[PDB]
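Residues per chain, in single letters:
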Amino acid sequence: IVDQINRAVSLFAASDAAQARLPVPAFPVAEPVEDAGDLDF
Amino acid sequence: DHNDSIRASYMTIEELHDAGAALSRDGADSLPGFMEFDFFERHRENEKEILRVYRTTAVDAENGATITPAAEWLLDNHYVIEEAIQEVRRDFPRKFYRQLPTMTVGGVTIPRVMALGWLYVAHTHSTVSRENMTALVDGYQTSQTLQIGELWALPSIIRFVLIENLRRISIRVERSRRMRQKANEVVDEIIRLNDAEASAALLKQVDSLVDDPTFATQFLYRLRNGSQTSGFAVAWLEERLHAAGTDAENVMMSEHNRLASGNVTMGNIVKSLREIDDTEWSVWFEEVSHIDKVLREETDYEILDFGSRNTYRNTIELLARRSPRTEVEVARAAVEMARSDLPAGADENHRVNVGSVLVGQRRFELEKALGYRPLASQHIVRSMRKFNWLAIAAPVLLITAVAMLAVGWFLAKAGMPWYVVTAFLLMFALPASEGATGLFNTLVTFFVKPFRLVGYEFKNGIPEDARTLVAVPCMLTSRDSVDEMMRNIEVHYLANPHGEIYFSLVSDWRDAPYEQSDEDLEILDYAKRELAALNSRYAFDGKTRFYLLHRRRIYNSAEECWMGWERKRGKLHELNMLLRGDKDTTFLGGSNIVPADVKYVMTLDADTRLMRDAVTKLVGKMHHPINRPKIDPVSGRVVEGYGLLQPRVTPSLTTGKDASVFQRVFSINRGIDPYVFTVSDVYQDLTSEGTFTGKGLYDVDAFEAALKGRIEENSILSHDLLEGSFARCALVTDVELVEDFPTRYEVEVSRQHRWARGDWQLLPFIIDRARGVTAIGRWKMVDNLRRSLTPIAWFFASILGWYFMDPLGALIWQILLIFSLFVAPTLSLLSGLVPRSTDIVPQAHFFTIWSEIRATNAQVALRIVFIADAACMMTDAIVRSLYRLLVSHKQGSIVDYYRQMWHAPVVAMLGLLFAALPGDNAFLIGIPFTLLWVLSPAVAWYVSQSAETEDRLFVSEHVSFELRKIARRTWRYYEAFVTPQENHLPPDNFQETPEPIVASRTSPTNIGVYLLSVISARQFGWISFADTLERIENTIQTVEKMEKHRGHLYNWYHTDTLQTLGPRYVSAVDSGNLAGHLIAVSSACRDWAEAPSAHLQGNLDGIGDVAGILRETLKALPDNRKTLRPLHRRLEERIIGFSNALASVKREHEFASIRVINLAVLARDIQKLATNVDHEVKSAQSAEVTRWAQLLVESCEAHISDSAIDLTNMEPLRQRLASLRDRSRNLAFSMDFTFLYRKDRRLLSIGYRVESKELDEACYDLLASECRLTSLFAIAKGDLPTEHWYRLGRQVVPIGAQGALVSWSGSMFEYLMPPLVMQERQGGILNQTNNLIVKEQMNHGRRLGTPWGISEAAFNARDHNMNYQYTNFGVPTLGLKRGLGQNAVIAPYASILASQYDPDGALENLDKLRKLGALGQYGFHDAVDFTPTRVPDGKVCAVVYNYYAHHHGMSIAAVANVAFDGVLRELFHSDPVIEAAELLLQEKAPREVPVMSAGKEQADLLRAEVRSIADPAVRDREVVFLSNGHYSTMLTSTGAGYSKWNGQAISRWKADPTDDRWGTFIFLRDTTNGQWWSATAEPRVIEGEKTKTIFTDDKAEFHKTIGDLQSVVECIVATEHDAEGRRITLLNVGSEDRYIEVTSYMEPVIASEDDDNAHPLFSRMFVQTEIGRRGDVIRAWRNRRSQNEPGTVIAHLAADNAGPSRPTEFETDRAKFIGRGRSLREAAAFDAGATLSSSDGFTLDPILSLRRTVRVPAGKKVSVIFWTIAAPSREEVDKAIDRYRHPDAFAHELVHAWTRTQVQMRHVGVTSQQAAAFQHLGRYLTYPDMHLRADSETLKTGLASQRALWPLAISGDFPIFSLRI
Ligand SMILES: O=c1ccn([C@@H]2O[C@H](COP(=O)(O)OP(=O)(O)O[C@H]3O[C@H](CO)[C@@H](O)[C@H](O)[C@H]3O)[C@@H](O)[C@H]2O)c(=O)[nH]1
Ligand SMILES: O=c1ccn([C@@H]2O[C@H](COP(=O)(O)OP(=O)(O)O[C@H]3O[C@H](CO)[C@@H](O)[C@H](O)[C@H]3O)[C@@H](O)[C@H]2O)c(=O)[nH]1
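Respectively, the protein sequence lines represent chains D and S.
The first sequence maps to residues 1999 to 2012, 2020 to 2046 in PDB author numbering.
The second sequence maps to residues 20 to 909, 925 to 1528, 1536 to 1902 in PDB author numbering.
Isolated chain D, as found in the complex:
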């Protein structure tokens, strides 16, 4: 106890690195939608 947990943590450590600096690609806003015909409501 208190030695197995440390040993397991080091053995279970170490490609997902370039995905951190990309941040978020803002957001998308559309120009509404065309209200075509042929619809009851």
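If you're looking for bench data, these hints aren't it; they were derived computationally from the structure.
One should not assume that every hint holds.
[Said to hold, decoys possible] Heads up, simulated SDA-like pairs for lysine to any residue below, C-alpha to C-alpha not over 20 Å straight-line:
#1 S:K1629 x D:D2021
#2 S:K1627 x D:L2027
#3 S:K201 x D:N2004
#4 S:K1816 x S:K1629
#5 S:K1753 x S:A1739
#6 S:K1629 x D:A2006
#7 S:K1798 x S:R1663
#8 S:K1753 x D:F2032
#9 S:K201 x D:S2008
#10 S:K1627 x D:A2006
#11 S:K201 x D:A2006
Once you've looked at the hints, dock chain S with the ligands against the given chain D.
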């Protein structure tokens, strides 16, 4: 159960007997272990292995590793093994190991004893025991008996075998541990790489280390039971173990043994070593050896003293060895020979006297009747004994003749007609003779065995038909020192109380020309009354043990006035006639009573102190028939026997307060050496006669006859030696009689003159063959004559040498004779350098040669500068001694010495002038000697002055003043915590910060230290006499009205109720300490009660100390008011005027009352001014000044009251003091330690238990503890024997250039508590060790940087019901206890206590402590802690706020001893029992003991674990828990987590391994740029963002730099409020103003987790949140549904700081926060608009949000403290919010949080590393990340869930931590 040990099953009991019996006739065969080896080589290998794997164990086990249970036995008990490896190889030279026979077991030559001992450990459980081994010895001796010496060395060989087995086990366990760690490394490497080809390579590489059983135990378990497992390593390992017929179950059972067996064997070895060490062997040897069976019948050998029994055994062994005969038949023949010699004895009607043929005068007859071959050395000794005194003088004369021949041949080139050379050589060769005698003494000591006498062993005291009178010959010209004389008599009686012994004092007052002054009788009357009082104190069985005799001063001739018949010789003769009955003696009526028989008289002396049980040993030796004089009928000479005994006398170290450097010059060997028993005497080992100096016991009949029949008249001080000429004086050289050495040089000159006066009237006794004198006696007088004439001969030889020629070459001459003196003492040191012809290899025994080299140089210098004075004194002495009875005639200054001597300078100048005229070349050598000689009185006065001692120190006055004022400040504890509330006892503990409470527990040590502190304070002049007596009354009444167990105390007691807290456990040490303190207090009470006249004035010094205290405290007044400081300089002028007035008063020696009245007026005026300035300045510090002035004016009032005593009606006071003295002494002596004595291992039990009436298990075995003080009482009371003192402790450890006493947990109080009470001496080992301890403590403090003071204290750590705890501390260098360097706790009181040896350094350390906040209202605090693990923020050290009673008492005692030159050590020693037991002290420092063997100190201290994550984005996630006892929260490395309060949670959180986006979040948005990101690193994470995360205890830190900006987040949990806080701090770098906005996000969910996770919409709907007036706190709480929900109102606030007053921005609608189609990773709230329209109410998706725009300036920092609160109801959230709405408020709660986290940490046995490991376990226990779960194949056919309910496990909300034992 095998390993590499020596195991031979187990024989239990009654099988050992017949086993050894079979071994006797049929042995050898085979042994469990055993092989051919060399004993010395094997022992060296064992020692090397122990050092190797002890250094290995030291360098390991501290870096962090598992330790087997068989390893810590070698670690913690290394002193036992390092002492056990000794003795062996020290008791076995190359001769003792060869003379014993051998059994040749197995073909190899094997001695019998260790062959037998081999099976003792083999056939048993490796545990030694007396009964089993005695049974084995008896069984072996059933057929063939053992021999003397063979039976002796059983423990040694047993220890050798035991340490060999220990080495085997140690190396085996080291190898097993190394294999285990290697297997762990290999399996970790295998599991790290998923490939399979490399696994085969690794297996084929490690195949060389698989056959060992201790490699697959961890390996196979790790493969089978792990996380990832394998399928290829097992396929190889199982096949390999199945091959070679080994399988796997055998391996899996192998580790079940060989480890528990190892632990059991190691523990058994340790216990066996302890049992061998502590248990005795003399009684075992007596009860086991078959030789003693023969000699325990028909003879008194069973009671003949242990040493004489040893001599008998040694003689028997020597006779049996050389002579071809067995020892049993030799003993039988000796017994028959003794029987055939007739009884011839009064008391010897029964038994048989056996010594007459063994050590008697029939040794030669037995050796010739048995066929013994004497040794060549024995032949030489016998021949030279037959050659009488001629053989004594032959080497001396031969060496002198060689010396004169050599000097004559060397000085054969001088000229002159050769008429002076012969006389010159004859008068010169005195120092050559002295050197020859010294060389002869050295040779005989090195070769000739010292002679020891034989005597009885009076275990029951002196029996009937043996009565001894101890008579001290002195005078009663003592108006006051008659009390000293009776005290000396009482001490002498207390030395040897048991037996039929009586004590008498004989007197003859001064020397007056008349007969009687007709007044001395009344002067005697007081004496005859005083002794009568002593009789009332000692009258047992109607027996009077005290007598007085007085002479009548009959006129004889002249000069000496009227001495009766003669001097003290005549007095002793008159006593001799009186004892046998003489009615007409020249004595006085009334005081002429003799106690009947008393056939034996002891003389002793005035200043000599009688050693414990000394004369009792002398009485037996005298009474033994061998040592009984027979009175030769032809002449009163006594051919054989001894009528005079003289024990050796060695000077004491010091003489109390009189200890000058002159003492440490003319006497080096000072004290008693327990190691040595017999000192080789040339005159006794070769001639069997000694010189009687007048201090010894003697008979009456033979002594009286031989003294009366030969002496006519003319006897002087030398007659004592003449007595040896008429008897046979034997030097015992076995019993010590200490004697003080005078310090003044004048006293030494007077004593030398007196000794030399008597040595020159014996010339008729030498030159005349008539009268009667021993043949060697003439040689004794010749030796005395030459020893007296040496200085005159030296002076004459030197002056004539530079008078005749002295051209050049005689210069070399003045170099040679001065070398001769150098020969005289240094040859003695030759006995200390020869290692007995390098028989063995010594250990680190040091050299210390410089000390005695410097001592010899100083002695030679003093001798050469006093040559002229000694020559003048001897010349005048011999002239007087011849002019009388040969011509028929019959303190101060340097000016005093000059006028007294007036001889050496004038004579030296005359000689120099007379010699320098002829030749005119003899001045170049004469001038230095003459100038050195004329200055002799100057160096004489310089050396006669007393130097600095253990009591008197050069402390100047400023240091003393500072110590006195510190003590006065400290005494506030006793002043304010002793009350007449039925307590009268100081509380043990006092808190002052954490709501201070007064403790209600008191210990006897506390009572004693309080009592002695009261005595010291009264001596200081701080309180009135009446107050002191009242306090003594209260303390004594409380003590007597207290529960006791056979006088003892139950340690802890209540104060208000005076009951026992817990079990009534008696403490042995505390009772002894209290008894010693009570003894000292009673002695002091008697001291001021015998004359209560001058003690009533007062010291008149304490008021000056408190005035100085006021002066110092006034400098701390912050006088910076609007009206300047007028009152300040008013007050200072008043105080300096008061100081001047008191200085003038104390300058006056008449002590005018009007002066002290005016002083009181000034004091009260100063108090009024202080009150005036205080009530105007509302400060918390001026109250201290005002109360100090008030206490000052009570002190002045008390001094006035003590100055107003009537001094007339003092009898009630005197009788009260007498009654208190008697009651205190009776209470102290009512102690009973006898029932606490363990008569199995000696020593003392730790305590007694009132439950089952059982003793404690442990004992005290160290001479470096306070128990020593108790031991003194244990000997003072007389309830313990003397060997108990010598059978414990006395261990030395190397450090520096010397060795120090080893102490368990080596703090300073172990070395300071004893000397605080009784008196030590400079020459003792105790004072030297204390000085060392101080020096090394300062060195350790310097190395650690922090000031020293490591002692008993309270480490800065709390617990429930705050008490700061209490434990022991020490230094690892001198502690013998692992775990001392990890604390580094500094206690200021240790510096005060260690002030008796270095006041300046102690004061400097105290000032260094004063530079920090180590001072409080009640003087100094408890201690200060420097341990990083117990220090908050960036502070360097933390001061523990405790006050202790015993610490303050120790400080007061130490300062009183320093200021008053150890007054306590004197008053404690003012009891006769203390002087009786003091000779057990004194001892002798050794400098030759077998010393043992041993920036790292800075790193040795415990350091807290700082878990820091470099980049919490690409590494594995890290989590941390925070708790408040009722409120818990989760913080992840990315900033996620939750918040739980009493089961139910607050913030929603789900365990998503891939998302991890739940919790309270902080967002930072730029205004101009429009960019936004997060304070943590998860949702946004813009480019750059150099971030880091710190998870330490209590607080959590998230730091992030984005370039030009640094943002830090501090997450904390509140104390006693159930709140959480987040400090966001933004600091700029560039010089540009920037706009930023903060946002807080958290979703409130008040539910028990499952309820929200089941149907979230209910939890969303049942939330009512709103914003109140002055909007910055948003509150929320569930709407009331039923009558059973709590409600748990929560709230969130921003608490803006470092900014203007601006409105907040809130939004409680997540629909308008997210954007209906987005996530937290991209929210619509950070767009260009829709900025928190502030909608509140019953929102379907309630959240808590707070926005504030903050303008961070250029260069500085801005912080905002977000807070969240949860409370059971709404009526109490207001006080929590207002508690945090106050500015700052981040401190105060922070330190409280740290303290409570420490409380929680220490409430369980958890370490910081253990806490980190537990959090790492929790990260897997909570998150469904399973990196340590079961195997994939194992988990693929199990986990049916419903089956877990059979074990009564809920398995609903349970991570289920499994563990397999
Ligand atoms: O303070 C002291 C103590 C002792 N002596 C001795 O007194 C003697 C000097 O006296 P001196 O001038 O010789 O005359 P007396 O007094 O006749 O001589 C005696 O002086 C002492 C008797 O009182 C003893 O020492 C001796 O019996 C003897 O010398 C010397 O022996 C000194 O040691 C002093 O002078 N001063
Ligand atoms: O200032 C002086 C003068 C003399 N003496 C002593 O007095 C004696 C001198 O007398 P002296 O005529 O030289 O006779 P001595 O042959 O020395 O014999 C003396 O011895 C006794 C012991 O002091 C003296 O008292 C007697 O006068 C005398 O018999 C010597 O002992 C000197 O030590 C002093 O101590 N101090």
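key: Hints breached by this structure   = 4, 5, 6, 10
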